[PDB]
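Quick heads-up: it's one chain on its own, the form deposited in one PDB entry, in structure tokens.
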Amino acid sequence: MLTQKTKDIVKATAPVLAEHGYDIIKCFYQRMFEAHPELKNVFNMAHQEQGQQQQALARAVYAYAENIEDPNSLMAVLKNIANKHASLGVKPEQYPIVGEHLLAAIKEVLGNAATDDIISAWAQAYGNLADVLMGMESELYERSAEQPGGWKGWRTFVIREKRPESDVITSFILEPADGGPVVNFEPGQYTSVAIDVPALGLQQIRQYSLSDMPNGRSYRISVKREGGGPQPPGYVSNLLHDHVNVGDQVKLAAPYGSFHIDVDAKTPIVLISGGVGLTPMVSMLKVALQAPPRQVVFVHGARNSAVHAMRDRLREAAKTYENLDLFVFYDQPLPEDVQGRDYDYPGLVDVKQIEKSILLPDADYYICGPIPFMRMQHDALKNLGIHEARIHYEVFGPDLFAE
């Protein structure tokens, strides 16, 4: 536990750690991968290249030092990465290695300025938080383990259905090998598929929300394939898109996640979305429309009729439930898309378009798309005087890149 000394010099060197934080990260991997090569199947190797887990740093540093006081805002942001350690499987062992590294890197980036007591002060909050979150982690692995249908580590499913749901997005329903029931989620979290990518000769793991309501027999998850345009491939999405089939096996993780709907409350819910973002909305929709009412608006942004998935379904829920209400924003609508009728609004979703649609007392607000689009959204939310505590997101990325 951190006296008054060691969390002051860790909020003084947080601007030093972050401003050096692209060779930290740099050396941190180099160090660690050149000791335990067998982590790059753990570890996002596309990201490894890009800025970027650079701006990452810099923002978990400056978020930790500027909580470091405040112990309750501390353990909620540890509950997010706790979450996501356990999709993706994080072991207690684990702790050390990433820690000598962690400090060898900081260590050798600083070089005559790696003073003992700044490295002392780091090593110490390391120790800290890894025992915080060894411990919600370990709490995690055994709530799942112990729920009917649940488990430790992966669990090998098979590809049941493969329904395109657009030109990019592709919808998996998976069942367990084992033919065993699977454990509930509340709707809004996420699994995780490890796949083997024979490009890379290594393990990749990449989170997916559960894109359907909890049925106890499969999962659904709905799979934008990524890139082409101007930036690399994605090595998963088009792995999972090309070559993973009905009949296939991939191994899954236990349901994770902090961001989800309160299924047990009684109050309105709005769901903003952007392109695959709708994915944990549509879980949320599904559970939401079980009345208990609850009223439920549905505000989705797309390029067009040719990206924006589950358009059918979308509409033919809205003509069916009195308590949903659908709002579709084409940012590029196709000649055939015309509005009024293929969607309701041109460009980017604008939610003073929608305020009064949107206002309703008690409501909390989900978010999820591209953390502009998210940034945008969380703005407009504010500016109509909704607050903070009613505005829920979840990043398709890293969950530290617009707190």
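Take the two forms, superpose them, and find the largest set of C-alpha atoms that agree within 1.5 Å; that set is the rigid core. Numbering follows the first chain given and starts at 1. What changes on going to the form deposited in another entry:
- Only one of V236, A86, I106, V328 has its Cα shifted by 2 Å or more between these two forms after fitting on the core, and that residue is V328.
- Superposition on the rigid core between these two forms places the CA atom of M134 less than 2 Å from its counterpart.
- With the core held fixed between these two forms, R311 has its Cα displaced by at least 2 Å.
- Annotation for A254: C-alpha shift under 2 angstroms between these two forms, rigid core superposed.
Give me the form deposited in another entry now, not the form deposited in one PDB entry.
Only one chain is given; partner chains and other molecules are left out.
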């Protein structure tokens, strides 16, 4: 457990790790894969541009520093990471490998700046978070395994159907190779697919949102084909589209993820969408509007009219449910869109503009859309005094730009 002095070090130095985040990450993978090349089968080996990797890390580090004295906020951010790690199959015996190489990378990159006090303080933070995470992941694994139709680790599924939904999105329906039941999931949760990538000579693992509602027998995912032409094609989405056919097998993780409505709560729901389409948002809006009624606000951050399937489904729901309050932002309104009949406000969702409308007692907030959108909205809500534990967000479905 960290003393106040050691928390103080972490706090004063988090911006330092952040500022050097790109170099630290590069050195970390280099050192780790050199000792433990088998971990390339669990980590994502596709290249992501520099800024993106720097930011992700900066963000994790700042999230930790900000909540290092607030147990309830800290646990809220940890459970999100526990869910992802449990989806990936992270094991307790891997924590000492990651901590050794992460510390050594911190020292190497920071060079002189990496004082004895700083390395030791961050080694402590590592040991404390690893303890928390291991216990949380073990709970997840055990709870999944005890559910009817649940399991630990990889379970083999068969593609029962494969249907294009657009020229680039294809829906896959999966049933377990053993023919047994499959455990329920809530809208917003994901599976992971683990598959051998022949071009890499490695397994890769990717998360896919689980569509529709559970039925005890099968799962459905919608997979967007990534890249091609100017864009170098993505490994797993292209592999699913072009080589994974009806009758072929894939390995799935049990459903995980903390982004979902608590069907047992009675408190208000603020859904904030940054461009996600009718599928899969509809399943989640359905859960929000199940009886007994809860106050539901939907904040729809769209382009404009050009696609309006989600705007229309929402307007219809707002006519049946007096407990649904709808707000629309169009960031680039079409010449033909007028403020007041086609949308409410110009630009990206701006929560200060609707404060009184969304700042509801004991609400939970559910943000989805592009990753920078979710982050912007997360931080806006934190600035209004909302606790970390009441803000939820995740990649949700195959098209964060559908509307």
